Amino acid sequence: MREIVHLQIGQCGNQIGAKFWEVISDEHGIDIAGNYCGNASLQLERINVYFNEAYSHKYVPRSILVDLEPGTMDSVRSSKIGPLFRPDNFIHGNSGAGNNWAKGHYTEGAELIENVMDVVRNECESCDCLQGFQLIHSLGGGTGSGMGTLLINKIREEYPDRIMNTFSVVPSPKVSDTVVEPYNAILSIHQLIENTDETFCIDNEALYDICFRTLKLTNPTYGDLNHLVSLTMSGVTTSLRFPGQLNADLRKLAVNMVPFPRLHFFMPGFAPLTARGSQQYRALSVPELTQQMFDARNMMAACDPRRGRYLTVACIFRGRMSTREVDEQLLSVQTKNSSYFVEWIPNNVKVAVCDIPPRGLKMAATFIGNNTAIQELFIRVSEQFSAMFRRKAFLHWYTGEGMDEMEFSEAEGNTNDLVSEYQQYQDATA
Amino acid sequence: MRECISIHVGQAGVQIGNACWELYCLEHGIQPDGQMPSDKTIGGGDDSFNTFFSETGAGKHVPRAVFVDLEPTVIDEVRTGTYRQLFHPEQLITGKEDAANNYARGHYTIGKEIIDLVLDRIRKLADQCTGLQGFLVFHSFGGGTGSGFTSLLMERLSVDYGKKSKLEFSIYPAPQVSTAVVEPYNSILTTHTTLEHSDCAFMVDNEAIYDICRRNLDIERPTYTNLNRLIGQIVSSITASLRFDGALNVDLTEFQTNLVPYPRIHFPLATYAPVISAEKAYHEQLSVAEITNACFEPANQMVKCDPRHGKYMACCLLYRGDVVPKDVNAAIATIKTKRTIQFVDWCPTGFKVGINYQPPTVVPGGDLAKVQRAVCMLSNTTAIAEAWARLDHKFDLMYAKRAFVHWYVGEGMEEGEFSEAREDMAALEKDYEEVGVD
Ligand SMILES: COc1ccc(C[C@@H]2NC(=O)/C=C/C[C@@H]([C@H](C)[C@H]3O[C@@H]3c3ccccc3)OC(=O)[C@H](CC(C)C)OC(=O)C(C)(C)CNC2=O)cc1Cl
Ligand SMILES: Nc1nc2c(ncn2[C@@H]2O[C@H](COP(=O)(O)OP(=O)(O)OP(=O)(O)O)[C@@H](O)[C@H]2O)c(=O)[nH]1
Ligand SMILES: Nc1nc2c(ncn2[C@@H]2O[C@H](COP(=O)(O)OP(=O)(O)O)[C@@H](O)[C@H]2O)c(=O)[nH]1
Numbered sequence: 001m002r003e004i005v006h007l008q009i010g011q012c013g014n015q016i017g018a019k020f021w022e023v024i025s026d027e028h029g030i031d032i033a034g035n036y037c038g039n040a041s042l043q044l045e046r047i048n049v050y051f052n053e054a055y056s057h058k059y060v061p062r063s064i065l066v067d068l069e070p071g072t073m074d075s076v077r078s079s080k081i082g083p084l085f086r087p088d089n090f091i092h093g094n095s096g097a098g099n100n101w102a103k104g105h106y107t108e109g110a111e112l113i114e115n116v117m118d119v120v121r122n123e124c125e126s127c128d129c130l131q132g133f134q135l136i137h138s139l140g141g142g143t144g145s146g147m148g149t150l151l152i153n154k155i156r157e158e159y160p161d162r163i164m165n166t167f168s169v170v171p172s173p174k175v176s177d178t179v180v181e182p183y184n185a186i187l188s189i190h191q192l193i194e195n196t197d198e199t200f201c202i203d204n205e206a207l208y209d210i211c212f213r214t215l216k217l218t219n220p221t222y223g224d225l226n227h228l229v230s231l232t233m234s235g236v237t238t239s240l241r242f243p244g245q246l247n248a249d250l251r252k253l254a255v256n257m258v259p260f261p262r263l264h265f266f267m268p269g270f271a272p273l274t275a276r277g278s279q280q281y282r283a284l285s286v287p288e289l290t291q292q293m294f295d296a297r298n299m300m301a302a303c304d305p306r307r308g309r310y311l312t313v314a315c316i317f318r319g320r321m322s323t324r325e326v327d328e329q330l331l332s333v334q335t336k337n338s339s340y341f342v343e344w345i346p347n348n349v350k351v352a353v354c355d356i357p358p359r360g361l362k363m364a365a366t367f368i369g370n371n372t373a374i375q376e377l378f379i380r381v382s383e384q385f386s387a388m389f390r391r392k393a394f395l396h397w398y399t400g401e402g403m404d405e406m407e408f409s410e411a412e413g414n415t416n417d418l419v420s421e422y423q424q425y426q427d428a429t430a
Numbered sequence: 001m002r003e004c005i006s007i008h009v010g011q012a013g014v015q016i017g018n019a020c021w022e023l024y025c026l027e028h029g030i031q032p033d034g035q036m037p038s039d040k041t042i043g044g045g046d047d048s049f050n051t052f053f054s055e056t057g058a059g060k061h062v063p064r065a066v067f068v069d070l071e072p073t074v075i076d077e078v079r080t081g082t083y084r085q086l087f088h089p090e091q092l093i094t095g096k097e098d099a100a101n102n103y104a105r106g107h108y109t110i111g112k113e114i115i116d117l118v119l120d121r122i123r124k125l126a127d128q129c130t131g132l133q134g135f136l137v138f139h140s141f142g143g144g145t146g147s148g149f150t151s152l153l154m155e156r157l158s159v160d161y162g163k164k165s166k167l168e169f170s171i172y173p174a175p176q177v178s179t180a181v182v183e184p185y186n187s188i189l190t191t192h193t194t195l196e197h198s199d200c201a202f203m204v205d206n207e208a209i210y211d212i213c214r215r216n217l218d219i220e221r222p223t224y225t226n227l228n229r230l231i232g233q234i235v236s237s238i239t240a241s242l243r244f245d246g247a248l249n250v251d252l253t254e255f256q257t258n259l260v261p262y263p264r265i266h267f268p269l270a271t272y273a274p275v276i277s278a279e280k281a282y283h284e285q286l287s288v289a290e291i292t293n294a295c296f297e298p299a300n301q302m303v304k305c306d307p308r309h310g311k312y313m314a315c316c317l318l319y320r321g322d323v324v325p326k327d328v329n330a331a332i333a334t335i336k337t338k339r340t341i342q343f344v345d346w347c348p349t350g351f352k353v354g355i356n357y358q359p360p361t362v363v364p365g366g367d368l369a370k371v372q373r374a375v376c377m378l379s380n381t382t383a384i385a386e387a388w389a390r391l392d393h394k395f396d397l398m399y400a401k402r403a404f405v406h407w408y409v410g411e412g413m414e415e416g417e418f419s420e421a422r423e424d425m426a427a428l429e430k431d432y433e434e435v436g437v438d
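Chain order of the listed sequences is B and j.
Number 214 in PDB author numbering belongs to position 214 of the first sequence; there are no gaps in the numbering.
Number 414 in PDB author numbering belongs to position 414 of the second sequence; there are no gaps in the numbering.
Honestly, the hints are just simulated from the structure, not real lab data.
A virtual CB, placed ideally from N, CA and C, is assigned to each residue, including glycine.
Hints are supplied without guarantee of correctness; some may be wrong.
[Claimed, not checked] Label-pair ranges, simulated between beta-carbon atoms:
id	chain 1	residue 1	chain 2	residue 2	range
1	j	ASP218	B	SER278	39 to 49 Å
2	j	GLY365	B	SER420	52 to 62 Å
3	B	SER126	j	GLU77	44 to 54 Å
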């Protein structure tokens, strides 16, 4: 029996992970006391990937909540999910990294790696078999980005035969006013290129765009964005949480979706995306779900997939739908729009149907795609990095923590080489 | 005096073999606990189902089966199902980590850590058999275990059991129900590795079974249960010459001589006529001439390819049920008047008809209808070169930009093995064309 170890680093990672574990426990029929209360036996099957079953039917998650400040742990414990998590798995330092990637990767991160690796080894030693690691963090902040990439490197050192999956939240100028978030984002992207096998590029710019245009919110808070990411992260791991045809159990998902070792940045999407308290007025059927699944306005990365080629698609449908109509609609989408898919990867669109929908929606459609359009996201973050780096603003806060100035140029060169490789595999034809 | 050891590698092999052993126990009347009502009156072996069912001292008919997977899911499924006590727990081998739809994981890293246990179980089953002919390896071309561990097992059984002949019942990949994108890679690599180690390989694709289920059993969403039941019917009446009285194909050597002229041209094509839905059971009957014509129908084959564009080499018509041998020759003559079937330019013999009078049994609750006349047409033709050309076309498409290759070189394999397997399949295409050109 395989099992994923979940890690949440930073304020954004902790808040999104708390909402994610709430939606996962609602889907699996688990209350906050760790007792099963669903009416279906499918929810109890393949529960060992995420929930650690203790004695007398106690379902505690295998979440390692990590920060450098105890305020996020106090905010998690202030909610209903505080008693749900393991209290020994909360790790927080004395002071935060303060939007400094070097201060979260070289000093405070380095002094907290031994404690978090002790907790990681404590979770790992009780495994009958380890599947891989799932990390939720943000590339913008200091502790999230810096200690996330440090924990990624340390996990890659200790367990090099295990897969590494990240849910990396790329920062935006439309949601945060901090200026050095391109520095942390580009340095973490340079680490994630070389030290990770699976990355779900969630962009706060795309979430702000969805909450601004689609959801009709004048002032989108962090709650609406975290609700969107919790919906998409619940729908993405519905292949891991449930048995199915396209099981895609982490290593199988990486074998299917990743053709090239650096092009492992996915573009998640969720077709009936609606704000809280308003999802009961959505008409749901198959071809509207398929036509909203591939929409650029609906997709959760600030990219235009019409300007790129889908290298590999993993469309997972959720709810009570006829799989004949789902497969007919997706083959119609693949054939009628054959210019948007690569011709050198035959049958790159994989369809699965899970009969358990997320709560609040009768039918749902979660899309995972290794599209080539994510080079627009990397071009945007690298151009903000170049605008903040060509005149060396705030480099003294990074070089004062022991970071060389060559590391910023190495990160810029690595992200530009990744953009060049994406453009090369876009322009090539079989 | 004749004994066979069925091996089921991978999820497809394990599920297909479980359905096949269910149909074998249904055909032989064996109870699920292992006892027999009729043929346990003797209490001894060598009653022509001792090739597959070994008899213990308690009268239990334990099958000569080895179920291998690197994942314990389907092994626990057959350990929980209705034949949980029929199969010994020592012969049902599970694993911890999967091969994850990778050939190099199941052949070099994950399959290499379990190959000695499977070899030990194979030798433990072979030490009980005094007249062992060989093995029937049930696997799939697409998956990681069913390609890589099958290739490793074929290498080990060739270096250990070199006087034995090994059949294969492989599952050719279909895009309709596919678990992975790299199924052409695993298929070409395991076909290159098990070309020198397989003697007669009956590859059946799920696309033809899908089309047959949708157009005959009227299921627009065929699950794996309907496909498993149909392929279990196909393989059961393939093996019905071997588990029953002696007319033809009574041995694995007879299989290798009646159909297989070359060491590399060893891919026959099976065809089955009476695939009818359970609702349409009493609508009409089926004559011998029309079921022979449907056995020569290109839409009824177990491989989606066209035999009329290629040239035949052999035909072993295997009739089941109460079929009189008189009108079979009239059906043969009406087939022979059709010059679409064009044999090779050597002495071609013809349609080697053998008739088994045991009626065919279908699974109760299955979608297949109970029939009185059944027919299996094992034909060696050059039409399988179309399927291998489709596989090498997808291989060339994915390998032009070296997509997904890092998942294979990272698990111990070399870069040049892909080009070597591509050249071997090009040579197999050339061999099929050279037989096809006269
Ligand atoms: C276009 O290609 C074809 C054209 C026609 C056919 C029809 C097919 N021709 C062949 O099998 C040719 C076989 C070559 C020898 C080979 C050379 C023997 O050393 C092999 C051997 C076998 C067993 C033990 C020791 C040695 O096999 C036989 O003599 C087999 C052995 C039987 C008694 C078991 O006996 C027959 O032949 C049968 C079963 C009585 C009739 N067979 C046929 O009509 C097939 C093909 Cl593929
Ligand atoms: N007919 C039929 N085909 C099956 C069945 N199960 C799996 N397959 C085929 O198996 C192919 C892939 O192999 P897998 O199912 O992944 O099994 P495997 O060889 O063990 O591969 P891994 O599980 O990853 O180790 C697919 O293309 C399916 O067509 C089945 O029950 N019936
Ligand atoms: N989508 C989303 N992003 C967030 C949320 N909270 C913070 N962020 C982003 O994540 C970054 C904060 O990183 P953080 O974990 O606080 O690092 P720290 O400043 O060192 O503690 C900022 O760039 C924010 O843009 C949230 O609730 N939702």
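Checklist entry - At the C-beta level, are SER126/B and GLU77/j separated by a distance inside 44 to 54 Å? => result Roughly 26 Å apart at Cβ, these two residues miss the hinted range, so it is violated.
Item to check | Consistency of beta-carbon spacing, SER278/B to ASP218/j, with hint 39 to 49 Å | outcome: At roughly 42 Å between Cβ atoms, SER278/B and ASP218/j fall inside 39 to 49 Å, so the hint holds.
Next on the checklist: Holds or violated: the 52 to 62 Å window for the beta-carbon distance between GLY365/j and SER420/B?
Outcome noted: holds (58 Å)
Violated hints amount to a single one, hint 3; each of the other numbered hints is respected by the structure.
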